[PDB]
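Shown here is one chain on its own, the form solved in complex with the ligand, set out as structure tokens.
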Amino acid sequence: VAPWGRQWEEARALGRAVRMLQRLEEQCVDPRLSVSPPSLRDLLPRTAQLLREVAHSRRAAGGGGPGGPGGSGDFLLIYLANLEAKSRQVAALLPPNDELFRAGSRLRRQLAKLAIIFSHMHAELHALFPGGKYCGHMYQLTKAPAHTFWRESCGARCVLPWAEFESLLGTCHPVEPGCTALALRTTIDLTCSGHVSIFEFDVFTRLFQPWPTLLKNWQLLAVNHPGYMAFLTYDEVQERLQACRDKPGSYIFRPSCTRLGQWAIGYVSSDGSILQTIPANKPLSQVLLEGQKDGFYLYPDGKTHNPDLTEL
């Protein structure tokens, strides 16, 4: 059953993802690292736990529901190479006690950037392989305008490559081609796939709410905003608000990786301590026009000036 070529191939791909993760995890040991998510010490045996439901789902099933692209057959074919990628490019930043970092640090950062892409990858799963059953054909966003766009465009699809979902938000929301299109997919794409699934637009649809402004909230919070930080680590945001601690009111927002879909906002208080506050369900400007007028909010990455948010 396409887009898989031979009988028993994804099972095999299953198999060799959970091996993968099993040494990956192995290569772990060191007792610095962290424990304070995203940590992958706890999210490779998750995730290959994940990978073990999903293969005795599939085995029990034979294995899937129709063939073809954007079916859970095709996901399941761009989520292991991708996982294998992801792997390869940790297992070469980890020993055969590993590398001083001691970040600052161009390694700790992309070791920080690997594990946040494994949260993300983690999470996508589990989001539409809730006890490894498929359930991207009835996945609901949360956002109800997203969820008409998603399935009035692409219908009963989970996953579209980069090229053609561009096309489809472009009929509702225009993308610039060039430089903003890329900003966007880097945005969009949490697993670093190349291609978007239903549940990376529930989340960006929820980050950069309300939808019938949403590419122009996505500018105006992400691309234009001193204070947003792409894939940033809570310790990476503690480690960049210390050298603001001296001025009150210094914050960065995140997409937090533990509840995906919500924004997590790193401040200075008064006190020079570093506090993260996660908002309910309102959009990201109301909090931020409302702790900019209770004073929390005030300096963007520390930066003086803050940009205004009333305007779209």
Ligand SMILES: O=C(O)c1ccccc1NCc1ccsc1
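Numbering follows the first chain given and starts at 1. Rigid core (definition): largest C-alpha set, two forms, superposition within 1.5 Å. Compared with the form deposited without the ligand:
- The comparison between these two forms, aligned on the rigid core, picks out a single residue among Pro255, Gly266, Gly63, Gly70 whose CA moves by 2 Å or more, and that residue is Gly63.
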The other form holds:
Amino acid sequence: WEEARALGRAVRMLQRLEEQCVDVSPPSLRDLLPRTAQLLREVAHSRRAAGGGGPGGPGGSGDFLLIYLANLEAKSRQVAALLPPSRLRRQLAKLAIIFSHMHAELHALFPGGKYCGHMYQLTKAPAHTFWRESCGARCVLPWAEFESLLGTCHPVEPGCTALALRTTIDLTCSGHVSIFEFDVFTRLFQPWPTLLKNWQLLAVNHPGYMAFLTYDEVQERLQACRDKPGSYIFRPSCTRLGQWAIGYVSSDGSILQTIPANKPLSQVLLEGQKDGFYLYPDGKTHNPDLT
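And the form deposited without the ligand, for comparison with the form solved in complex with the ligand?
The next block holds one chain only.
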């Protein structure tokens, strides 16, 4: 197979990068590179069997892997071009988050090497039904098709708003939306019936939202606000995908981070405003009205 050869090439590229990264808190390239390579070897061995490939055609296992491996190559070239034989720290942090996402997606859809994209179930039932009714057995769609299918229920305005949506949904920055990425998005921005209003209120129009930040980056950022107890920001958790991590400055100026209950974020923020904890988004004066 061409696919066999592509998988071989990917494993070799991640071994090069692993060796070039020999010089720690999650997400860490040092951890993720060999973990991804080990998972790809498992996929390679599993693809050698008859069936188990699931329902065929666009958006199936073979399509997913063609797109995933091409993206993995592009991301791996970015990391290589950056590594020596702070801008660099930020570029590598963003790429670590992307690699954490690519590993989590491959583990979700090919655990132990074995494809389950046609059986995968989303966490929120309304979103699960939308995916299976709209996309069928497929586990992956190009962005443009996904925007169109999503728009049967939740249309987004073309241009900057749609592009911001794409940036939020596309965890792996591949240009394609997997059923795993849609699971994460619909958990973060529940509840379903107002999905894109929730996303506009939280991820476009809220000063407390940060995208693609690590735990250590939020610990550093909020130190600017340590003399303003009540200051807070929120960002997606890197290690518990689909959940929020709220960073806030406590009464004594300590920067803490907490993962909410499985509740709409708007509710968690409204209750924490009432209780006097989440008051000054990103340390700014104006807390937006989430009613």
